[PDB]
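There is one chain below, alone, in structure tokens, taken in the form deposited in one PDB entry.
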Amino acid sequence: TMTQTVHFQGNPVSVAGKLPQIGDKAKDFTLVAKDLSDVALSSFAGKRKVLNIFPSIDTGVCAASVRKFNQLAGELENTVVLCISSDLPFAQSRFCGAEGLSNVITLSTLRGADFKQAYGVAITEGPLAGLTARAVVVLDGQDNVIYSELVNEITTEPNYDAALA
């Protein structure tokens, strides 16, 4: 039972686990897709992966996340972009349908919530408890950590560029 600290503006909030880091093999995961089927990391073997994991789409900076990676997703090579969060799929799906965002794939923790502590992502205290923290993780075709970032203030977006492989 490790922790990490992130911040709401300033402000300490405990986040269970530790985020997988460069070198590490990322644990497999199963999460819920727009048509309510279960989908596993293992189904993207040999494609690279960006995991953009955020408190809630439906929340300002998280929404920006999703637009940007969707737009950045066309200009990309043998890679899927998984937008992973606490939201239910239905909200994930209305957001993307209203914004005409077709590149990205939405995954809900509706099922598979263990993914949160498996990826050092569960918020355990404060008004945010029950939500994933903001973080991006990038993996290869064999689920190895090519990149990973745990954002320090949740307010601010990730760094997309920078680091990109």
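Numbering follows the first chain given and starts at 1. For the two forms, the rigid core is made up of the largest set of C-alpha atoms that agree within 1.5 Å on superposition. What changes on going to the form deposited in another entry:
- After superposition on the rigid core, the single residue among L36, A40, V61, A45 whose C-alpha moves by 2 Å or more between these two forms is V61.
- Taking 2 Å as the criterion, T124 does not count as shifted between these two forms: its C-alpha moves by less than this amount when the rigid core is aligned.
- With the core held fixed, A73 shows a CA shift of 2 Å or greater between these two forms.
- When the rigid core is held fixed, the Cα atom of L101 travels 2 angstroms or more between these two forms.
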Given for the second form:
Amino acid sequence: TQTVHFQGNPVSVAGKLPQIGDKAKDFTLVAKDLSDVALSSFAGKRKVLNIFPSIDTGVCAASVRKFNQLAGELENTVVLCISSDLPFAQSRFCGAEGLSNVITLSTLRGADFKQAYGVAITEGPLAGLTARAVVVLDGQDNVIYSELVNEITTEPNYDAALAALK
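Now the other one: the form deposited in another entry, given that the block above is the form deposited in one PDB entry.
No partner chains or extra molecules come along with it, only the chain itself.
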């Protein structure tokens, strides 16, 4: 069981984030239209899994939208912005707003994903939400990049996530 920080304060995160060389578990999550979307749906493609505590925000950092868009226009690649936000709140997100081959997914259903990818925050004011993380998967579900950011409010290594794509 890992441990991260929100603004300095310790946050317990249940499970274990898939290491490089692991086979990532299949999941099913909720799309914007309330339709269900499985990881099996993208067989062969590369999957950038960008995990957020919340994407429900008016203000967006340029690097977030820059990372998502860049990885999105790479050949045979898809970006998945996942949070515990409801699909009604996920559609006001700048990092995925109008970004081609970048879709949002809610944990409204299939919330067991959180435990399976070691991103389930289980203590304090952020309980029921996900920990900030990026996980990059190859054509056949193998983890080629993974990072659990020690401080939640800070950003993951975007250059490195891109450099594995490659």
